[PDB]
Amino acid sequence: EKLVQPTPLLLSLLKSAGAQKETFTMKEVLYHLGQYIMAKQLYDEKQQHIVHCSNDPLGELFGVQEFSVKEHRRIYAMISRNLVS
């Protein structure tokens, strides 16, 4: 319901994934990040539901080599740090 404004980096990635506006609802951010991840194929079975983003700008976005898609509080947290408002 609330609209959030992404930082330039998170923005360039969302657009690159299909987004066509510069403010979103959290659900939209997650939706597009999902597509980005599927696109650049950073998610794998095996693993343990892990996104490997060590050579990707997403890794710089979130500041990690990888993460579990299974703990939403962390993800929302890594995302909130890239929300300008």
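Here, rigid core means the biggest group of C-alpha atoms that superpose within 1.5 Å across both forms. Residue numbers count along the first chain shown, from 1. What changes on going to the form deposited in another entry:
- Among the candidates 9, 17, 75, 64, the CA atom that moves 2 angstroms or more between these two forms after core superposition belongs to 64 alone.
To test you: the structure above is the form deposited in one PDB entry. What is the structure of the form deposited in another entry?
Below: the lone chain, stripped of partners and molecules.
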């Protein structure tokens, strides 16, 4: 599997959620981002698949401040913009 390298901001969020390295598989990056979202309680109370970013630094990585965990292609796109090329 390919080990990717999150840029500064993204990496900071992953480490806050428990990540302890600099390179990860995309599966690991996503797992840690999910943990970050749960830790920060960014998910919507009523529609739990919805993630609110307008009040969190995670919002800096998205154009539209709300995304669904069901939007895998969109989420992969966001991460790609935050990987060392």
